[PDB]
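J.: Letter by letter, the chains look like this.
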Amino acid sequence: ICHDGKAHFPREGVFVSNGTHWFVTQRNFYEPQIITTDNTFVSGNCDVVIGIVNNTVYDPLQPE
Amino acid sequence: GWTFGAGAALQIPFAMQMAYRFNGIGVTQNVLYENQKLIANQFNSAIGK
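Top to bottom, those sequences are chains A and B.
Remember, the entry's author numbering sits 1080 above the position in the first sequence when you count from 1.
Remember, the entry's author numbering sits 884 above the position in the second sequence when you count from 1.
Calculated from the structure, these hints are not laboratory results.
Hints may be right or wrong, so weigh each one.
Under 8 Å between C-beta atoms, here's a sample of chain A residues computed to sit facing chain B [what the hints assert, rightly or not]: (1) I1081; (2) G1085; (3) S1123; (4) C1126; (5) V1128; (6) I1130.
Straight-line C-alpha distance at most 20 Å; calculated DMTMM-like pairs for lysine to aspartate or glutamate [to be verified]: (7) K1086/A / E918/B; (8) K1086/A / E1111/A; (9) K1086/A / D1139/A; (10) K921/B / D1139/A; (11) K1086/A / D1118/A.
A few chain B residues that don't get close to chain A, going by computed Cβ distances all over 10 Å [to be verified]: (12) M902; (13) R905; (14) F927.
Note that beta-carbon positions come from the ideal geometry of N, C-alpha and C, so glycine has one too.
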């Protein structure tokens, strides 16, 4: 997913959507969660990966 | 993938299937996602011999 011109990859799980929202989950059981900056890591710019998507990532507590 | 060995088959795109196997030996996902064309070409040229 692309947020602010950067690419974010999951830490342990996959990205899924029910049609209107995006979550993360483990690969062997259904247990959604809201994407934050704690369960993902960033690397590179946003013009290489194929199939990237536009969404938003929420900062847990530092700025709020 | 390996999900059809025990249970019922579950669909998954191939490119996301190779990332699992890359993570299974120690490398990270962005390495595969940033070198897709080169790896595909290498596989094709290796299997064509």
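J.: Confirm or reject each hint.
T.: For each hint, the structure was consulted:
no. : hint              : in the structure
1   : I1081             : violated (13 Å)
2   : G1085             : violated (16 Å)
3   : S1123             : holds (5 Å)
4   : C1126             : violated (12 Å)
5   : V1128             : holds (6 Å)
6   : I1130             : holds (7 Å)
7   : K1086/A / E918/B  : holds (14 Å)
8   : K1086/A / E1111/A : violated (26 Å)
9   : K1086/A / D1139/A : holds (15 Å)
10  : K921/B / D1139/A  : violated (34 Å)
11  : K1086/A / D1118/A : holds (16 Å)
12  : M902              : holds (13 Å)
13  : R905              : holds (13 Å)
14  : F927              : holds (17 Å)
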